[PDB]
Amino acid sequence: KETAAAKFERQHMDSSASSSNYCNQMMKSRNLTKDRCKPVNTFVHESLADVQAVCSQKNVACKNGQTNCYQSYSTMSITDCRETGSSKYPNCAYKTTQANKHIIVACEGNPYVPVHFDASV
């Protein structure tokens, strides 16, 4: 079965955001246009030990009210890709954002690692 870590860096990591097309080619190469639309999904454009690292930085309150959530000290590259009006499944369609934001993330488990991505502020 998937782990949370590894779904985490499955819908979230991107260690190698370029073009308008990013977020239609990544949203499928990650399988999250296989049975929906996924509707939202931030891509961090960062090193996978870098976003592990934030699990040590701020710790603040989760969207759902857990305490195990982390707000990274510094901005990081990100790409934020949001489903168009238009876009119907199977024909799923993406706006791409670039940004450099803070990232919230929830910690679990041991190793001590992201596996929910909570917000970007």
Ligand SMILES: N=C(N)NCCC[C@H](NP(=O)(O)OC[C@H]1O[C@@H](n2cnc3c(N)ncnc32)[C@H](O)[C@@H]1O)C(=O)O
Given for the second form:
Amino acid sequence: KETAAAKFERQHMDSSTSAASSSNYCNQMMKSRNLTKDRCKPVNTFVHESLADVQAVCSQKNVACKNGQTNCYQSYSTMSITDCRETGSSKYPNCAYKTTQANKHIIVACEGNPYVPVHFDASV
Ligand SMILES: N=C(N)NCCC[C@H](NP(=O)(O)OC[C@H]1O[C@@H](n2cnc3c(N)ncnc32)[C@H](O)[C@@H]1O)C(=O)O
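Switching conditions: you have the form deposited without this ligand, so give me the form deposited with this ligand bound.
Below: every chain and molecule of the assembly, starting with the one above.
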């Protein structure tokens, strides 16, 4: 059964420098990562850094999470990311996305032993 850490990897990790894809990065990735299965996940961030650099964020800048938890962490360096956000005409199961590429500081929530990212909180 998928661990919280595994799920963050499937949902958010795409280690590859930058978005690369055949047609439309978000439409393809949101499908392939199973984020269109039971509905159109409305917004999803992919991170294009190594797993090691992302995991490292759990010991970087401690910040409050959007939901009021205190177990979130902001990266010290900007990171390559892509934002996927569902278009207005998107309707499950015909999920369609707008692709926005960015280099920003990521904020992840981290949990467990070992203490690793389980949730993608914000980009700053
Ligand atoms: N709710 C926040 N802060 N973010 C949700 C949208 C951002 C989206 N992050 P995500 O898919 O990794 O996580 C969203 C889910 O995470 C739950 N969630 C919100 N705060 C959380 C937290 N502090 N820790 C674990 N899960 C949290 C939300 O209810 C959503 O179900 C992204 O990819 O950009």
